[PDB]
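Have a look below at one chain only, the form deposited without this ligand, in structure tokens format.
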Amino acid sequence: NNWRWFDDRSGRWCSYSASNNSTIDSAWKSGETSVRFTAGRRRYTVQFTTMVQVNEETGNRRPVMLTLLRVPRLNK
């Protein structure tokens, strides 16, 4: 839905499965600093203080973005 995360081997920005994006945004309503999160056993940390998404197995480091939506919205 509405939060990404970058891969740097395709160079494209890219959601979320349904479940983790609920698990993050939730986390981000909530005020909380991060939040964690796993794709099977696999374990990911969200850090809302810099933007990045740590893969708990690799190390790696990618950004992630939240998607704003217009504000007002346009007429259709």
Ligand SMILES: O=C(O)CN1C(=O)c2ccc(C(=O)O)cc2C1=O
The other form holds:
Number of protein chains: 4
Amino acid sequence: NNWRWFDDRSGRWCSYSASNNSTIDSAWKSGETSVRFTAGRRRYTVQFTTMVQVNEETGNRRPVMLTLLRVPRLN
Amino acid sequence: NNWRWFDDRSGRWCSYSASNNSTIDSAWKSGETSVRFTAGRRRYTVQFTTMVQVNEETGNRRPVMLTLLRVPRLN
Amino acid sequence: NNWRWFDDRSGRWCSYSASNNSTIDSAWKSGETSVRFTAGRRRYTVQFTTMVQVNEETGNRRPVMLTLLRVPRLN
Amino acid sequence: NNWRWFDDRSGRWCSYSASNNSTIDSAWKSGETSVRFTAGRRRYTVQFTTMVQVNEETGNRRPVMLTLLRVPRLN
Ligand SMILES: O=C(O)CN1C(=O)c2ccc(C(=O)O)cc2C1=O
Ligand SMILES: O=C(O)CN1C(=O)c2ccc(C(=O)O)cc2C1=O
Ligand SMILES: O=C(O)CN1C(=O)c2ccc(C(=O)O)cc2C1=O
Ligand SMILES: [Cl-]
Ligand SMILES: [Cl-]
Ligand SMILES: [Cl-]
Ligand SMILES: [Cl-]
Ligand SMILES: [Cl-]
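Can you swap the form deposited without this ligand for the form deposited with this ligand bound?
All chains and molecules follow, beginning with the one already shown.
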């Protein structure tokens, strides 16, 4: 679960479901500029060119981030 | 201009001023867990452990992001 | 796909097979410090703390790298 | 500091001198596709499009890497 979306109501970064994270990450690795996914009766588009998620039912925009692991890894 | 903060009023990622971007990036590269800066006579702290900017007067939290350069570089 | 090992004979970075790349990347995302994989019966270990692949039949150490895609993505 | 070159005699990644690391990192941040630097009587070019250091006299190719900081930062 490496992708996150920001919830401005709670003021915290939130995780995607395992399947939505996998849909987003597969599109990210394939070079697509955007990806759609469904969660709890809403369709969303993650726009990779702006790092913003758009709720396609309401139009609400929430920022997204990709977590990055340290290189090299610590012992 | 590698650091950005999300403005939920405009629905867009926003750039820091050149000096605030430099202040934030120098603290990021030094391994600090947070950094202080001011903009428009207001004080903020960027918390690197949560990737959020905190308005010190209101407590309002806005997300932040670091732009990343491709490795390897494209020709 | 995203992991590469350096071939000193040819002087080039080389891709892994889709299956070996998936094995390495799953272990990378799970926080493991190392991962074993095979190319047929030939055994290898990728040591994430040193970013080196050890050929477990010859003992030869080849460096490894993880490709990093640009954030945000270009249009 | 943050750039490293692979020493296949010892089988390990090695650091650049502080000045060579600064020269490489300044060219990296400026969008250049390559950078030249010296170490005593040795002359090198780091090719960012292939992540390889080339000895200008002999053509010997040593792979390079850029260390990456975790995002978000750990406490
Ligand atoms: O729709 C809203 O108000 C807020 N919201 C999102 O932005 C979002 C993104 C992904 C998932 C998921 O389960 O993967 C759930 C949600 C969710 O509830
Ligand atoms: O939260 C607010 O008060 C709104 N707001 C910010 O969050 C912020 C951060 C950076 C700069 C800058 O000039 O570098 C300006 C602003 C700004 O207008
Ligand atoms: O000459 C060798 O055996 C290998 N070798 C290099 O490729 C190299 C590159 C930069 C520096 C430095 O001091 O910045 C040191 C060396 C070094 O020792
Ligand atoms: Cl939403
Ligand atoms: Cl090598
Ligand atoms: Cl070998
Ligand atoms: Cl000499
Ligand atoms: Cl050399």
